[PDB]
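Only one chain is given next, in structure tokens, and it is the form solved without the named molecule.
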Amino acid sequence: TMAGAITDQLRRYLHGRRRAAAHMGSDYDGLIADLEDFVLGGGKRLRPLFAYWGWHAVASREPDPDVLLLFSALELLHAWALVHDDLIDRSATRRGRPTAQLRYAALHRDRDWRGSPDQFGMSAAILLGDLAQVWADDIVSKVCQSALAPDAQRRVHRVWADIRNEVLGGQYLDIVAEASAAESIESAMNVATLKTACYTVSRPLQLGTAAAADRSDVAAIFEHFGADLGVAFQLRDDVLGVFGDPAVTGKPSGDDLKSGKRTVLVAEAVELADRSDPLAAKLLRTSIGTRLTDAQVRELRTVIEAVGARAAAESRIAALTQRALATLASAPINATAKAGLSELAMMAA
């Protein structure tokens, strides 16, 4: 499959960088090995696949192996995003396994090392995320020099600068929204647009289009396609974060309410409750982002259901997915890319 060919390019790149850095000792080599296990650990490779279909949409032939490596840089970049995300969220586990700060703090305590184990774990986690960022970037620099004409080089860099600027802005806007208790739907839609629409769908699509051809028409359509599908992805995640199966999602029931996320679903519930039951709106406003018992959480989830927020989210997802498919159907791109992107928009739900 295409995800495996993209992943194999990344495995060979990481293996080469690791070997070339072996003179720095076995401790740094162990950190690189940790990065290999996290990045290559397995997944759908959603963002590199969006880059492929963006290339397929405006290209005739298949990309060179080095261009597949360019698409894989989005996977290495995502490791940077997730590792620093786990520090910002103070998450203990990811996919059932301990986060980086916990793995290195436990290593500190197993070795009977001195100083604070938790300080070492956070410091090592910062550096682990930093390494993924500089190496994901080094891929783009290396592939641009070796496999791309200078015009494709300039188009690729401008997408690469935007996607890293937008995911950093999205991260900061999110912690500001949670700290300031931003209630509005517009605030949550802004974060979802930067974090999910731009970072996961639109900009990956434009990376493959930029590497293939000078098609500003298609890049603008993919931005409109990603703005609808990306928000649909976020709302699905928000619904699952409140009402989903914990054994499936990996997070407890009502986790978003537990953690105090400022989702569109939450913002929509406060707005609907303002019109239907002001006392339910006051319950939501004073409970979100606080330490909630299991009973308080079940009550908040039911109130979100009672005022129609979940039903409103489901129709949002249906409408956005339908328009995104309509934008895809009438796009001046190869029909084979229209099939794979409708496939991917469904395989990724």
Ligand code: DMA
The other form holds:
2 protein chains.
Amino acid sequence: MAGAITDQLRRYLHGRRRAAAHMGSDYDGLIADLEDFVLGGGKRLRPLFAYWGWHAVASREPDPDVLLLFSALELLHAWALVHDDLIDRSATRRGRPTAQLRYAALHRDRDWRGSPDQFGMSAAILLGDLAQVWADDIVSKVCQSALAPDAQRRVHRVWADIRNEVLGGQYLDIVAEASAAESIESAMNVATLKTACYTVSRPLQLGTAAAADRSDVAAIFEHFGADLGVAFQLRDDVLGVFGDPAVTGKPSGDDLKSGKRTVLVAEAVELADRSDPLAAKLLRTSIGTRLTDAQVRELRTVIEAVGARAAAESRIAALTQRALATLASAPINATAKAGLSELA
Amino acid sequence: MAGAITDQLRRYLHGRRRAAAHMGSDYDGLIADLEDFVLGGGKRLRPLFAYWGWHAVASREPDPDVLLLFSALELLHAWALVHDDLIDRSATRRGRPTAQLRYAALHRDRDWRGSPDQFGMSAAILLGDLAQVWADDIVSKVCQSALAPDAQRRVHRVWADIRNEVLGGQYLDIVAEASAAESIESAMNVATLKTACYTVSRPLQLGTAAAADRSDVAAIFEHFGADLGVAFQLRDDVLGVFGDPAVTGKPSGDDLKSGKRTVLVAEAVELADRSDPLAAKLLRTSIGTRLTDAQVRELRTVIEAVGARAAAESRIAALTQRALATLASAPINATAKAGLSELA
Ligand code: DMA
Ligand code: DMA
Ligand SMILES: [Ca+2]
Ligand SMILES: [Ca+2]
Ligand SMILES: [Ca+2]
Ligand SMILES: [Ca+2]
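Show the same protein again, this time as the form deposited with the named molecule bound rather than the form solved without the named molecule.
To see the whole picture, the full complex is given below, headed by that same chain.
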């Protein structure tokens, strides 16, 4: 359960914090801020996928130290979110201020010298760096103490892949926005790395790798995550354009305001080339620019006008059905087929 | 030898780059930029300290995979330098442009959209992040394939300490400058984490931990690094104030221009309180501010006027002698006593 996975990470963070007390109260406040960020909210979706990858292949429920290994994905996710807020220059995340604004406010509260925003950015870099090195220390610690050497090697390869692919997905995304990549292929490649592999496939394989040597199941979870991950992305693309702010927690047409290069936006350009070339020109010359609220509503209606919203929904229903068809015929326990079908 | 340690890291980086080719030519260019930065210069000082910590306790020269483990300190150092250049907002490093300026120039070369400086900062964050996750993958890989399980646990604890202390030292340093910490104690605590532990003590213990279980030697290398590391810092403090730009590679009085909170600067304030209170007031009200070249020269002369330079030199000679006295009476091989005395 997510609660048992979070409590394992809570105790670990407490232990690392006590061991670092000799470095002063200022660094202790940064560690406490890391605790408040990781534990103070989240769905725990990635450790749950790792839990089912373990159940799909194993019989005994994982040891408590293995749940700590699954929680490392949550601490690793904090590193990604903290650095992503600097990359996106976001001021808030899920209603709470981002790291660079919390430490800039601390700078002003203490009447410190220099640029508060520069201190906030520097501290946010270090905050994300700490979440990464500590999330990795979990994997190294749990592997040496709780896993047979062959499970250690299988776990490390997944750990090396999930961090290499989330960094590649991040760099591919900023290059795609800077280069104005229109193609569905460019947006799909980012979604495969940032969403399919990072959220679904690699977490699933992390639990399977720790359980036993089942290359057949790991290769199947990759195809299962390739469909469910993209279906998750297209759902977010629709919510990012048409979602009600009372459900998404984000402004109306946020993806259009922020200028994301999404699959939905990319497919709207392709469908518009075939139905109204002037609507494709309206999309091309407006994506990623400073858009008023009226421009955003017009683009939202154009996206649904060319059938991009309906094309996305059918693409979601198809991928979700195939992912469940892949899950029903898998050589795994019927308990994981149920749990993973629930999440899907 | 540093050359054999670098060539191990060169082959590893090449292998990781080839394995990541499926993520496109843009990410491949970032990995090639990482190769050019880590391999295209450096003294390899930290892997050498790790080499002598191995020799001090062991008899057989380390395996080639162990030299790769020692090279992980160099790749980890790239992560620290890349993120430090963002923290310090530096434009060049050792005559070459920093990461945020290389990727901003790429942005302008490609006539890309948006802020080039924001893309450069975002790419620099990701570049440093990649150096860290790959430097850690070396440790995880070498431990599972080349070390007995007890050496793995000893290596991991040093790996967890060196990364936790360089992050704490970085945060303590920006807090010290923002809060205008005058005390020698504040500057010394930063020097112990950033220089003593990160450069000397923890690298030494990394090689000793991989060789055998010698808690006696590891505790001695900590005291040896506590003296040699601070002596290294005070030498840099003197060069940062009085050094010839033709030898330091940095402008005259760079520490005063950049506003570093060094031990030398802190001791100058204490000595001035006892000899000329108005000179201490001149230091206090000028450190960390926008200083003209005449203000810098005046502060340089005041620092030597109150005897802070002479006090630093005697403090360097004392620590260097004690570190060699600690090294001569150590229960280690006479080969490492020679090699480590050379570096000192
Ligand atoms: C690596 C990672 C999880 C990035 C977040 O994606 P995003 O920037 O599109 O959205 P948000 O900042 O809202 O999570
Ligand atoms: C963590 C680390 C090695 C920081 C560099 O020290 P610095 O910022 O005082 O100097 P430089 O940028 O010249 O290396
Ligand atoms: Ca982003
Ligand atoms: Ca973001
Ligand atoms: Ca610095
Ligand atoms: Ca610097």
